[PDB]
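In this view, the complex is presented without one of its protein chains, the others remaining in place.
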Amino acid sequence: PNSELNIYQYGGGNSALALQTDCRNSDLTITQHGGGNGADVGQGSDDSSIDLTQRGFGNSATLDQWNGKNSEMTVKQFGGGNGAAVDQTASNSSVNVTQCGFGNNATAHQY
Amino acid sequence: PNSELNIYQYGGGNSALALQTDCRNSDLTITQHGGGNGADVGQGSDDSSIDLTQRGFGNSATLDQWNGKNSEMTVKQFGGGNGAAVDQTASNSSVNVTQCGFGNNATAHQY
Amino acid sequence: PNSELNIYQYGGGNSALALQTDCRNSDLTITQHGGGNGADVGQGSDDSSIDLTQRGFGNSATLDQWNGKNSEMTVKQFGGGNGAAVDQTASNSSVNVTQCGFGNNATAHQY
Amino acid sequence: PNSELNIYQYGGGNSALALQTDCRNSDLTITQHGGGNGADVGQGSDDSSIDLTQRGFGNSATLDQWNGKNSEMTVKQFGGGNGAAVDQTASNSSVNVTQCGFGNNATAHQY
Amino acid sequence: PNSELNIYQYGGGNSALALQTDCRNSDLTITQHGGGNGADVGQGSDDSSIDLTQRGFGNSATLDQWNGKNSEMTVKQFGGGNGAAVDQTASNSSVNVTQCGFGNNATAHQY
Amino acid sequence: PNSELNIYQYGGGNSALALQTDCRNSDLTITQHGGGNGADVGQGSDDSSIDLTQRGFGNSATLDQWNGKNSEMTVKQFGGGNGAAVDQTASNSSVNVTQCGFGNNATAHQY
Amino acid sequence: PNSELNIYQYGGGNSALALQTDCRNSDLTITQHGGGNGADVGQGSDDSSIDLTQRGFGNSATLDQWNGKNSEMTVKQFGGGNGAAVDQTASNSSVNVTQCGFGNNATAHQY
Partner (left out) sequence: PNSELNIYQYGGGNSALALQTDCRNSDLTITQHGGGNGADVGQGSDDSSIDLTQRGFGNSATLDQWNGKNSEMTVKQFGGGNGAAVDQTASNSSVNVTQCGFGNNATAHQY
């Protein structure tokens, strides 16, 4: 059971919360480029992947993948002030979020 | 159940909210080109597809895929300020909604 | 049941409402060219087809196909301000309404 | 395998790398307060904990916990430009690093 | 094997080098007060202790405790520029170094 | 074997060399008060003690306790520039040297 | 064998050389008061005593106990430049030498 959590933070003013529990063979990566991006990621699913990359300024993300299996979730934010929340509990399922520009709001739920 | 939810944003000021639940072997894709388009997509149908594409400005869409099976959704806006709302519950059914121009309103239902 | 609802707008200020229920293996098609054309189409007929084409300005059509089977409705306005109201319940029947010019009014009923 | 990795950055310009694999039931905690602090932490040890606290600016610590069991590693850097390098492979073992001030360099290896 | 390594540095410009390997149930403590103090301490001895206290400036002590058991090594440097070099390999043995003043040099070997 | 070696230095510039090997259940104590005191003391005798007290400045003494048993070694140098050389090898023997004043030299041998 | 050597020197420039070997339960006391007194005392006699007291300046004494038993050896030199040479081998014997003044020479042999 290899669980991997990576937090890559470049620039100034980025802040991160990352959480894995009961998630076997799961990968969760946080990469922040720029400034002021705040991150909160929860992973509790086996054989699942969470990939959160922030490039820009002022983006905020809340990401929860629970009780799933063989699930891939991706959130990529480019630009400024974009806010994302992703909840994924479906098994063998994928959620992909990519927001480019300013002030974009995205909410994704997969059960 | 291989379920994919895709949000691709190009431009500035677009907003999207996506819902996919109890949804086996189906795809939900939201693509916006331009600015200020607003979207709300709920998909709960097995072996189904929703394709919502916005190219232009100020278009508004609401899409609901519920309790169906083997159903297809393709909803397209070209231009400005087009507003569409579609409810589809029929199985083995498809609704293909397109607007070209400005200020067009379309309502579609399938049961 | 392969049932399709189609709405196409070209121009500006056109409005179309389409409702189709209990209508199996049937097509709903609306095409509006120009501006200010208004459409209200109800389809509840099995193995039936509705084709409404408005080309021009200010044309209005109210179309209802209920309880029929193997029925076809083709309503076409060319010009300005033409008004059509057609109600069809007969099975294995076809009504074809065509208006050319300005201010034409046509009512068709088939039972 | 409840394996948790937390990294907290408050301020701007901090850099931290955290790596957890082959590491069951283990916690890796990074807390960076200020700006420009550097951290590289690798964790591959069972039932182990890593705690890193950098408070100030420009501090450096390179931290490796591999192959160990029931092992705790603590480093607390207070001030500016402080350097500590700690490798841990010993089981049931602890290393405590406490740097206060500017330009401090102290290295510990535990096997 | 509850083995603890502690370093306490107060002031600026102090350097200490500590090594604890294969070293079960043992403690290594370094306490530097002032500035520019240097210490090199290696510990490879079971159930052993190393206590080093440097208070002042420019003090240097090079300490090695290897292959011993139940061994205690104490060095206390008070003042400036003091040097003590001690190697301890004997088991159930104790070394005491006490330097007060400036430029003191005392060397101890215990086998 | 409880073998404990003590060096106490008060002032600045005092120098002392102490060596304890194969010397079981023995105490090695050196006391230097003042400045510039030089001492070389080697102890390899079981159940033996060496007590060296230098109070003043520039005192020099060489003490060797080898191969003895139940032997006590005492040297007291008070004043300045006192020089004493003592070798003790006999068992159950005591050597006592007291120097008071300046420029004293004393040699004592016990076999 | 409780055998002790005592050397007491008060002032400056006094020199005393003492050897005790093979000599059980025996005493040697050297007391030098003043300056420039020279003493050479060798003892090899069981349960024997040597008492040398030099008070003044430039006094010289050479004292030898070898192979005797129950022997007592005394010289008291008061004044300046006194010279005493005593060799003792007999058992149960005592020689008392007392020099007061300047330039005294006294030699004692007892076999």
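Should a chain be cited, it is by its letter among A, B, C, D, E, F and G, assigned in written order, with residues numbered from 1 in that chain.
Keep in mind that, in the parts below, a contact is a pair of C-beta atoms (placed from the backbone, for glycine too) under 8 Å apart; a residue touches a chain by one contact, two chains touch by 3 or more.
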For review purposes, identify every residue of chain G that touches the missing chain, sorted by number. 90-111
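The rule we apply is simple: only the chains that are shown with their structure count from here on.
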What whole-number Å value describes the gap between the mean CA coordinates of chain A and chain E? 48
Rounded Å distance between chain B and chain F, as computed from the means of their C-alpha atoms: 96
How many angstrom lie between the CA centroids of chain D and chain E, rounded to a whole number? 24
Check: chain A positions touching at least 2 other chains come out as none
